[PDB]
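Here you go, one structure.
All protein chains but one are shown in place.
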């Protein structure tokens, strides 16, 4: 199946 | 800064 | 890997 | 205004 | 750096 | 109509 | 108004 | 494969 | 400024 | 068919 | 209808 993954990387 | 990221994984 | 980053910069 | 931006990072 | 900005202007 | 626009900014 | 719709179609 | 799609609708 | 507009007209 | 079009507007 | 598909192929 299709899984949309989100991230907020702090830099 | 703050970076918001999306990648789709074919699962 | 490839990471697509989005931003909305207010100006 | 409001500017929507995309950059791909090779991670 | 290089930042690609998109817009949809309604007219 | 609907116009879709792209400009690159050297940031 | 303008509504941007996204899809991930698996093929 | 996995295809990511965008269409703008004038609403 | 200079704004490059794209379209896909279906015919 | 499908026709892809570009016009630059001096904004 | 017309569907614009994007991809980032890593090579």
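Order of writing sets the chain letters: A, B, C, D, E, F, G, H, I, J and K. Residues in each chain are counted from 1.
By definition in this document, contacts are C-beta pairs under 8 Å (C-beta built on N, C-alpha and C of every residue); 3 or more make two chains touch, one makes a residue touch a chain.
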Could you tell me which displayed chains border the chain that was left out of the figure? D, J, K
Could I get the residues of subunit K that touch the absent chain, sorted low to high? 1-11
Over the whole complex, note the residues of subunit D touching the chain we left out. 8, 10
On subunit J, the omitted chain is touched by residues 1-2, 4
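Please note the rule applied: only the chains that are shown with their structure count from here on.
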Starting from the defined contact criterion, work out which chains touch subunit B and subunit G both, please. A, H
Using mean C-alpha positions as chain centres, tell me how far subunit B is from subunit H in Å, no decimals. 18
So how far apart, in whole Å, are subunit E and subunit F when each is placed at the average of its C-alpha atoms? 3
Mind pulling the subunit D residues that touch 2 or more other chains? 3-8, 10
